[PDB]
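Just one chain follows, in the form deposited without 4-chlorobenzyl carbamimidothioate, and it is written as C-alpha cells.
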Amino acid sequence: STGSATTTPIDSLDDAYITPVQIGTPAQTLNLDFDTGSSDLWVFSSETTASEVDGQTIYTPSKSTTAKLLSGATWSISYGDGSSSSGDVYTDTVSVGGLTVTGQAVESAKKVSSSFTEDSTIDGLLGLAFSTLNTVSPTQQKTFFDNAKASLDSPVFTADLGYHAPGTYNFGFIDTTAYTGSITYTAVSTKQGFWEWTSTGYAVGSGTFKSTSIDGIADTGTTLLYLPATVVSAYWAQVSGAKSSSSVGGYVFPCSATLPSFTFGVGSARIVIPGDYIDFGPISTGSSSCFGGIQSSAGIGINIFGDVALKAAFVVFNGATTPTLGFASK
C-alpha cells in the first residue's frame, strides 16, 4: 500500500503545516500537524473542555462505529514551548491520503493549553517520531507510521514541505519526480526517540563551507532552524543591523534587509536554504524589526532542523530495520 496527502501552510509565514486525516466510520476529517518530533496522534474532541476549543474541528468517538475506548489508557504531553495537552484514548480507523490503519490509537484531548486553543487551524497532531516517545500509559501505543509500516510497499515516508505553498506527505514510496539530483542518505540514532542525525557542516551565503559535525533532529513540528550559538552568530553577522534580542527572544533583523542563504551539509551533499526562507516577518504587527528563521539552540539542549531547513529539501524518513534519513534538493 501507499498513501499521499497534500500538506498546507497554516498561515503566510509557514508557521506549521496541516494535512487532512480521516478518522472513524463514517470518516471525520481533521486537519493535523504532522510532527516528526513527537509520537502521539492526538485530537481535539467531543471530550475537550468546551472553553478550550476555539474553532477547531473535533473528533466525536461516539459517532464512529469503529471507535473503541482503550480501557484505562491516558496520555499527557508537554512540548518544548510550554504547550501541553492530555486525555483518554480510543482505537479507530485512521486514513491518510488513501492509506488506512485499523486499530490506530487516537488520543482524545480532555484538556489543551491556550497555545493549542489559539491555533484554530490545527485540529491535532500526528506524531511521526519513534513510538518509544509515545506518552500513552500504562500501555505505550504505536505511531501511524509504525502501524502502517509492514503494509507499505516500502517502509518509508517522505516530507516535501512547500515554501509559502502546498506540499506533500507520501507514505510507502519515493516520488522520483519530486526532487532534483540524488537523495543522500545519512545515519540516524533512535536512542532519544527522534530522527536524530549529524550534519557535516554549513555555509553562510556565498561563503566557504565549514566542515563541522552538527547533531540534530529532523522535526517537521518545529517551525525554525535551531543551531549552535557559534553557527547562528556567524549567520547573523552577515546581516546589517541583526542582533540577538533578549526581550523578543531571539535574533531579529531589519525588515528592509535581504537575507543570505544558509547551506547545511548532508554527507558530501549540500542543501541550500534561500535567504527568503529565513524571514519570519515583523515581531509585532507594523514593526520594521523582523524575526529570524535561524535561532540558537543553546537554551534547548538539542539542535533542530525544523521546517525552515526541511522545506528546502525533499526528505526521506526511512523506517527500515536500521532507520536512515535522506535529503535531496528540489
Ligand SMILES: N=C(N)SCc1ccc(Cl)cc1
Given for the second form:
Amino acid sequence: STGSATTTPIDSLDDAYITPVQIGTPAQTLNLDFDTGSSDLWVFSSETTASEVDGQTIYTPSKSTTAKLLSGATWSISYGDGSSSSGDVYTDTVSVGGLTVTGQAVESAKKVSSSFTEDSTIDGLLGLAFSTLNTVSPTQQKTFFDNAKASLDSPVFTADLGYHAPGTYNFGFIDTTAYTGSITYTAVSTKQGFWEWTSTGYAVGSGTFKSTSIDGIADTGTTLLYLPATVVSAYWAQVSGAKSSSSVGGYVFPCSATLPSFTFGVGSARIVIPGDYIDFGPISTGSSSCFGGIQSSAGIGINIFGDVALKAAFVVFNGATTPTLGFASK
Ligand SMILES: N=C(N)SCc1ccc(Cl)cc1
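Could the form deposited with 4-chlorobenzyl carbamimidothioate bound be given as well, to go with the form deposited without 4-chlorobenzyl carbamimidothioate?
Next comes the full complex, and the chain you just saw is listed first.
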C-alpha cells in the first residue's frame, strides 16, 4: 500500500503545516500537524475541556462505530515551546491520503495548554518519530507509520514541505518526479527516539563551506532552524543591523534587509536554503524589526533541522531495519 496527502501552511509565515487525516467510521476529518519530532497522535475531542476549545474541529469517539476505549490508558506530553496536552486513549481506524491503519491509538485530549487553544487551525498532532517516545501509559503505543510499515510498498515516508505553498507527505514510496538530482542518504541514530543525524557543515550566502559535524534532528514539528551559536552568529553577521535580542528572544533583523542563503551539508551534498525562507516577518504587527528563521540552539540541548531547513529539500524518512535519512534538492 501507499498514501499521499497534501500538507498546507497554517499561515502566511509557514509557522506550521496541517494535513487532513480521516479518523473513525464514518470518517471524521481533522487537520493534524505531522511531527517527526514526537510520537503521539493526539486530537482535540468531545472530551476536551470546553473552555480550551476555540475553533478546532473535534473527534467525537461516540460517533465512530470503530472506536474502542483503550481501557486504563492515559497520555501526557510537552513540546519544545513549553506547550502541553493530556488525556485518554481510543483505538480507531485512521487514514492518511488513502493509506489506512486499523487499531491506531488515537489519543483524545482532555486538557490542552493555551497555545493549542489559541491556534484554531491545528486539530492535533500526528507523531512520526520513533515509537519509543510515545507517552501512552501503562502500555506504550505505536505511531501511524510504525503500524502502517509492514503494509507499505517500501518502509518509508517522505516530507516535501512548501515555502509559502502546499506540499506533500507520501507513505510507502519515493516520488522520483518530486526532486532534482539525486537523494543523498545519511546515517540516523535512534538512541534518543528522534530522526537524529549529522550534517557535514555549512555555508553562509556565497561564502566558503565550513566542514564541521553538526548533530541534530529532522523535525517537521519545529518551525525554525536551530543551530550552534557559532554558526548562527556567523550567519547573522552577514546581515546589516541584525542582533540577538533577549527581550524578543532571538535574532532579529531590519525588515528592509535582503537575507543571504544558508547551505547545510548532507554527506558530500549541499542543500541551499534561500534567504527569503529565513524571514519570519515583523516581531509584532507594524514593526520594522523582523524575526530570524535561524536561531541558536544553545540552551535547547540539541540542534533542530526544523521546517526552515526541511522545506528546502525533499526528505526521505527511511524506516528500514536500520533507519536512514535522505535529502535531495528540489
Ligand atoms: N517536535 C517536537 N515535538 S519537540 C522537538 C524537540 C525540541 C527540543 C528538544 Cl530538547 C528535543 C526535541
